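If you scroll down you'll find the structure; I have some questions about it.
One chain of protein is taken out of this complex; the other chains stay put.
Each chain gets a letter, A and B, in the order it is written, and its residues are counted from 1.
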Amino acid sequence: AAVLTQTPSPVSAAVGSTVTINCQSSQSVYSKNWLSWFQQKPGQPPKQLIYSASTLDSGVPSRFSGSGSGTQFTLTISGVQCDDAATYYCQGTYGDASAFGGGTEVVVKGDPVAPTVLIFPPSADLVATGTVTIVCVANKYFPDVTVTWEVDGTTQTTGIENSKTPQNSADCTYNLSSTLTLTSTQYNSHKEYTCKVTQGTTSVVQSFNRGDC
Amino acid sequence: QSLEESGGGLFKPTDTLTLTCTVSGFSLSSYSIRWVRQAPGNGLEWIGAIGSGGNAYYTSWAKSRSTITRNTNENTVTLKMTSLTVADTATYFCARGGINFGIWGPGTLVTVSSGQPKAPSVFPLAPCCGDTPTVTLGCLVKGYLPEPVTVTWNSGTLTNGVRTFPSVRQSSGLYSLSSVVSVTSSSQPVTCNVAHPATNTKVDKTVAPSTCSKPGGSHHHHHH
Partner (left out) sequence: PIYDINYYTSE
């Protein structure tokens, strides 16, 4: 029944600062040093960074260091980079089980970038299905944005779904998809479709008129 | 030294899950094999393991409805878990134990749902006709169950600046996502290659550079 408890999530860290993630085991890990650290980025499998408490796995950057023994362990990230945005897990092994900590998400604050915006009308073949989806993308931005949809200038409330890519390994930026779903009848009843992406006081807009496509 | 999970896909509540971990390049007689799962958007959890001598270990919630066995001649380890609930929905990994715990399988997605399987429909994403013509093009992948789909571009030769968004589950229980890629206005056609392993469905779509008709080729879509 050994349990591992880590630094609460999330950890917000400016590029170049030093991150510390702490991990405490309710019982000593086997032989004091059966403790690994794992890195995971959304949509990818976990990768071991550290095993035996302090041994760097092959190819892992010198930025990472594991320390500790028994019940108390630390992972540090020296001069944290955008590539280090991820969730980190400690993993202990005992006499008759293994376990993982709850994970600590590290969100890396890099240099701000305004989004660009693309909008994509439904193909003829999508309109023919009876249900239209209109796709907006907000590209390469930081910090976070909000998105609205306008139909003939009127802001929508329902039929909107958003999905965000994880932080970019080079520049810390996000990408966002936003979709508006309507019936083909509803779609054909309006002219102008607008995706508006707001980042603080700045807005970027991209539009199409149905009849132009 | 590698592992591969199989047996994932869509299951109904009350069904039994049977995952096989197939190992290569090391002996089961020298290593433990651990099973770990991860619910969508959540943490890693150890389910149980089998040791180098073939005895199993289980977490408290798993013990009474899980069995972990192995076949040393066939290089497999099997996880059997009865009485699936939707909360068992997760990626399931097998991994090679020992102080160096770095070798995992790629994972297999298990979806527990009362919904019926559905293969994705794919639709091209191109800018609305009418502006001056690099361009970003895409495919919308919608109406599928269970996860995952795979999406490549030009059979995987086109990877720079591909953005494939996380899936979103709709109220229907179905999933959708889009993939976009940026290409130079004067480069060859781009095709998204979508696969849905659960239904063995493949869908490829070549994406036009805009919704405008070209003068040449076929003209199967007129305005109405």
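Just so we're on the same page, contacts are C-beta pairs under 8 Å (C-beta built on N, C-alpha and C of every residue); 3 or more make two chains touch, one makes a residue touch a chain.
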item: Missing chain: touched chains present in the view; value: A, B
item: From A:10, A:95 or A:143, residue that would touch the chain that is not displayed; value: A:95
item: Contact with the hidden chain (one of B:7, B:43 or B:51); value: B:51
item: Which of B:39, B:99 or B:129 contacts the chain that the document leaves out; value: B:99
item: Touch residues of subunit A, complete complex, unshown partner; value: 30-31, 34, 93-96
item: Chain not shown, touching residues in subunit B; value: 29-32, 51-53, 55, 57, 97-99
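Just so it is clear, only the chains that are shown with their structure count from here on.
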item: Subunit A contact footprint on subunit B (complex, rising order); value: 34, 36, 43-46, 49, 57, 59-60, 91, 93, 97, 99-102, 104, 106-107, 121, 123-130, 136, 138, 140, 142, 163, 165-168, 170, 176-178, 180, 211, 221
item: Parts of subunit A lying in touch with subunit B, wherever the complex brings them together; value: 1, 33-34, 36, 38, 40, 42-43, 45-48, 51-52, 57, 89, 91, 93, 96-103, 118-126, 129, 133, 135, 137, 139, 161-165, 175, 177, 179, 208-209, 212-213
